[PDB]
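As a plain string of letters, each chain reads:
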Amino acid sequence: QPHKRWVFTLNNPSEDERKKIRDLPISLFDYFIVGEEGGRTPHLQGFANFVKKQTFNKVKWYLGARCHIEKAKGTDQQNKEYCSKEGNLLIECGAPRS
Amino acid sequence: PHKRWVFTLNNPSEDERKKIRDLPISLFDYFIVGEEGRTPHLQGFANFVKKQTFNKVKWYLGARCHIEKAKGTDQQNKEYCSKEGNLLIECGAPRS
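Sequence order for the protein chains is B and U.
For the first sequence, the positions run 12 to 49, 53 to 112 when the UniProt record's numbering is used.
For the second sequence, the positions run 13 to 49, 54 to 112 when the UniProt record's numbering is used.
In case anyone wonders, no lab produced these hints; they're calculated from the structure.
The C-beta atom is built at its ideal place from N, Cα and C for all residues, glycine as well.
Treat the hints with care, since some could be wrong.
To be verified - Which chain B residues face chain U? A few, computed with CB under 7 Å, are given here:
id, residue
1, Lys31
2, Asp34
3, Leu35
4, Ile37
5, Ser38
6, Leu39
7, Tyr42
8, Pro110
Said to hold, decoys possible - With a cut-off of at most 20 Å between alpha-carbon atoms, the simulated PhoX-like pairs for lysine-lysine come out as follows:
id, chain 1, residue 1, chain 2, residue 2
9, B, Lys66, B, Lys85
10, B, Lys74, B, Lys31
11, B, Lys30, B, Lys74
12, U, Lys74, B, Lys66
13, U, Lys67, U, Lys85
14, U, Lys74, U, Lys85
15, B, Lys72, B, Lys85
16, B, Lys30, U, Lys85
17, U, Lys31, U, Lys87
18, U, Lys66, B, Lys30
19, B, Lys15, B, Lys87
20, B, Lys67, B, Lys30
21, B, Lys99, B, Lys87
22, B, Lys67, U, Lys30
23, B, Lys87, B, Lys31
24, B, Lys66, U, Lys30
25, B, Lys31, U, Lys66
26, B, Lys74, B, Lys87
Claimed, not checked - Pairwise CB distance ranges (calculated):
id, chain 1, residue 1, chain 2, residue 2, range
27, U, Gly49, B, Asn22, 45 to 53 Å
28, U, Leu103, B, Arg33, 19 to 27 Å
29, B, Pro110, U, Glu26, 21 to 29 Å
30, U, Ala109, B, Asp34, 14 to 22 Å
31, B, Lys30, U, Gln91, 25 to 33 Å
32, B, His57, U, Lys85, 34 to 42 Å
33, U, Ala109, B, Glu26, 18 to 26 Å
34, B, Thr69, U, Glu84, 41 to 49 Å
35, B, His57, U, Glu84, 38 to 46 Å
36, U, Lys87, B, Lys67, 39 to 47 Å
37, B, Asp34, U, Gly88, 35 to 43 Å
38, U, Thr55, B, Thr69, 36 to 44 Å
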């Protein structure tokens, strides 16, 4: 079952892993935010709200194999707040839908 | 070369709108383009990461675009591009 909204984390991300995420097209998303957190072991904290419904395999293809991804929960704005809670954003793109 | 540009596209194709929307997140520090319009119209603002000049920008945004170097605050061009309030693309953050 594909869903539209995914959350995801990446502990200790490589720079090639950072560029894979930033190299995504702006059109993939209604809303996209990934903050950097932690620097005793920095992890990425990301929430993606895709335009189309996406499948696990497709969310992993886009973000990276090493990401831990699962269906998101809560309002768009709620996860925006969760992802920008250490105040070091890497990517924001779009606007939070309902 | 400059980093900050402004552009319009008069009556812009669906293939022209998805060409602009298809662009990488990693090209811009700020990027906004709203739709305005009886003759609809695309008003944008691109604050790249790298310095780019004309022929680079027009390979990215689209040939028949009307581009030029920007002037005003980034939150000024943001207010300009969202005056009509129908946003197509916002990506990054309005810088210094």
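>> Just to be careful, I want the Cα atoms of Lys66 of chain B and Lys30 of chain U compared with a cutoff of 20 Å; is the pair within it?
In response: Between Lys66 of chain B and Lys30 of chain U the Cα gap is close to 15 Å, so the pair holds against 20 Å.
> Is it true that the CA of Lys74 of chain U sits at most 20 Å from the CA of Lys66 of chain B?
Replying inline: Judged against 20 Å, a Cα distance of about 28 Å means the pair is violated.
>> So, as I understand it, the hint says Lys31 of chain B touches chain U; can you test that by seeing if any CB pair is closer than 7 Å?
In response: violated (10 Å)
> Regarding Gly49 of chain U and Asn22 of chain B, is the given constraint of 45 to 53 Å on their beta-carbon distance met?
Replying inline: The hint (45 to 53 Å, Cβ to Cβ) holds, given that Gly49 of chain U and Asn22 of chain B are roughly 47 Å apart.
> Is the gap between the beta carbons of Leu103 of chain U and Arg33 of chain B within 19 to 27 Å?
Replying inline: Hint holds: Cβ distance 21 Å, inside 19 to 27 Å.
> If you draw a straight line from the CA of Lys67 of chain U to the CA of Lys85 of chain U, is it 20 Å or shorter?
Replying inline: This hinted pair holds, its Cα atoms lying about 11 Å apart.
> With a cut-off of 7 Å, does the beta carbon of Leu39 of chain B approach a beta carbon of chain U closely enough for the hint to hold?
Replying inline: With a minimum Cβ separation of about 9 Å from chain U (threshold 7 Å), the hint on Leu39 of chain B is violated.
> When you check the alpha-carbon spacing of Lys74 of chain B and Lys31 of chain B, does it fall within 20 Å?
Replying inline: holds (11 Å)
> If you check the beta carbons of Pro110 of chain B and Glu26 of chain U, does the distance land in 21 to 29 Å?
Replying inline: Given range 21 to 29 Å: holds, Cβ gap about 25 Å.
> Is it true that the CA of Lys31 of chain B sits at most 20 Å from the CA of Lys66 of chain U?
Replying inline: Roughly 18 Å separates the two Cα atoms, so the pair holds.
> Do the alpha carbons of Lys30 of chain B and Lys85 of chain U lie within 20 Å of each other, as the hint requires?
Replying inline: violated (27 Å)
> Given the proposed pairing of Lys66 of chain U with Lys30 of chain B, does the C-alpha separation stay at or below 20 Å?
Replying inline: holds (15 Å)
Violation of the numbered hints given earlier is confined to hints 1, 6, 7, 8, 12, 16, 17, 20, 23 and 37; the remaining hints are satisfied by the structure.
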